[PDB]
Amino acid sequence: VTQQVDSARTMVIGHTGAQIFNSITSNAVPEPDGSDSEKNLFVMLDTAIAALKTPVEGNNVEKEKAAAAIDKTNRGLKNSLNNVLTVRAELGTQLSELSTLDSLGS
Amino acid sequence: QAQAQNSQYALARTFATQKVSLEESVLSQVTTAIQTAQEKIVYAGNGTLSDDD
Amino acid sequence: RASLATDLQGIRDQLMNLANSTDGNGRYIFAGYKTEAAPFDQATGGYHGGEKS
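In order, the protein sequences belong to chains A, B and C. First residue of the first sequence: 160, per the entry's author numbering; consecutive thereafter. First residue of the second sequence: 54, per the entry's author numbering; consecutive thereafter. First residue of the third sequence: 107, per the entry's author numbering; consecutive thereafter.
In isolation and in its complexed conformation, chain A is listed as follows:
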């Protein structure tokens, strides 16, 4: 949602949730197999949750399979953290601008 808060400056006054939890910055870690990088936080979290609740005692093909799912989750979490940090930074700039602009107005 956009809004104009001055004679010329127009600003984004709230980031739709998909931007926060369902995207990647333009520099995310690529998958080592080149397939594609998972890009929803909850998808990867639930993938990992399912993986952990799976018995693997002595059963190869489940042991390593779960381990690979966990690795993919690790990368995904890293990318998600970077994305949300980018959003934080943009909001910080918005706040600084708003503070500066109102003093000008007064």
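The set of hints was computed from the structure by calculation and includes no laboratory data. Worth double-checking, as some hints may not be accurate.
[Unchecked claim] Pairs of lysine-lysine residues, derived as BS3-like cross-links and limited to a Cα-Cα distance of at most 30 Å, are as follows: (1) A:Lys222 <-> B:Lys93; (2) B:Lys72 <-> A:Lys212; (3) B:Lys72 <-> A:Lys237; (4) A:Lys198 <-> B:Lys72; (5) B:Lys93 <-> A:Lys224; (6) A:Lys237 <-> A:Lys224; (7) A:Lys237 <-> A:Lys198; (8) A:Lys198 <-> A:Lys231; (9) A:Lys237 <-> A:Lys222; (10) A:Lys212 <-> A:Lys237; (11) A:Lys231 <-> B:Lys93.
[What the hints assert, rightly or not] Far from chain C by the CB rule (all over 12 Å, computed), these chain B residues: (12) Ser60; (13) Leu64; (14) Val79; (15) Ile87; (16) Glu92; (17) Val95; (18) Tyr96; (19) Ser103; (20) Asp104; (21) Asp105.
[As the list claims (entries may be wrong)] To spell it out: a stretch of chain A is covered by chain C in this simulated footprint if at least three of its residues, at any positions, have a beta carbon under 8 Å from a beta carbon of chain C; those stretches are: (22) 161-171; (23) 253-263.
Cβ atoms here follow ideal geometry from the backbone N, Cα and C, with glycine treated the same way.
Place chains B and C on chain A using the hints.
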């Protein structure tokens, strides 16, 4: 007219400030949550845990 | 660096906002002579204002 226009922009800035500040608070909490989540995965990496663990 | 890019983006947009300032009646003193007109391109910096002070 000019002073009224300044008043308009003042109102706008008030509301935008409130919304963006709230967003910042929640996103900070989200960041801490994601940090601890990542931490747990690191623990899961240990390959000597038994299935109950 | 992209985070810093968003930072510089905000600062740059703020500059553009200052550059396009109005006068005391709703006209633009930052159009140079042509206060009657809107003086700048907000995409890149195309200046549309007067020819003289």
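How the hints compare with the structure:
{"no.": "1", "hint": "A:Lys222 <-> B:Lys93", "verdict": "holds (18 Å)"}
{"no.": "2", "hint": "B:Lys72 <-> A:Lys212", "verdict": "violated (40 Å)"}
{"no.": "3", "hint": "B:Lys72 <-> A:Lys237", "verdict": "holds (27 Å)"}
{"no.": "4", "hint": "A:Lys198 <-> B:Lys72", "verdict": "holds (26 Å)"}
{"no.": "5", "hint": "B:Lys93 <-> A:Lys224", "verdict": "holds (19 Å)"}
{"no.": "6", "hint": "A:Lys237 <-> A:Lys224", "verdict": "holds (21 Å)"}
{"no.": "7", "hint": "A:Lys237 <-> A:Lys198", "verdict": "holds (11 Å)"}
{"no.": "8", "hint": "A:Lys198 <-> A:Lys231", "verdict": "holds (11 Å)"}
{"no.": "9", "hint": "A:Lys237 <-> A:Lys222", "verdict": "holds (23 Å)"}
{"no.": "10", "hint": "A:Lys212 <-> A:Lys237", "verdict": "holds (22 Å)"}
{"no.": "11", "hint": "A:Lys231 <-> B:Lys93", "verdict": "holds (14 Å)"}
{"no.": "12", "hint": "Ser60", "verdict": "holds (14 Å)"}
{"no.": "13", "hint": "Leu64", "verdict": "holds (18 Å)"}
{"no.": "14", "hint": "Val79", "verdict": "holds (19 Å)"}
{"no.": "15", "hint": "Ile87", "verdict": "holds (16 Å)"}
{"no.": "16", "hint": "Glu92", "verdict": "holds (23 Å)"}
{"no.": "17", "hint": "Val95", "verdict": "holds (24 Å)"}
{"no.": "18", "hint": "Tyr96", "verdict": "holds (29 Å)"}
{"no.": "19", "hint": "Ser103", "verdict": "holds (42 Å)"}
{"no.": "20", "hint": "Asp104", "verdict": "holds (41 Å)"}
{"no.": "21", "hint": "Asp105", "verdict": "holds (42 Å)"}
{"no.": "22", "hint": "161-171", "verdict": "holds (count 4)"}
{"no.": "23", "hint": "253-263", "verdict": "holds (count 5)"}
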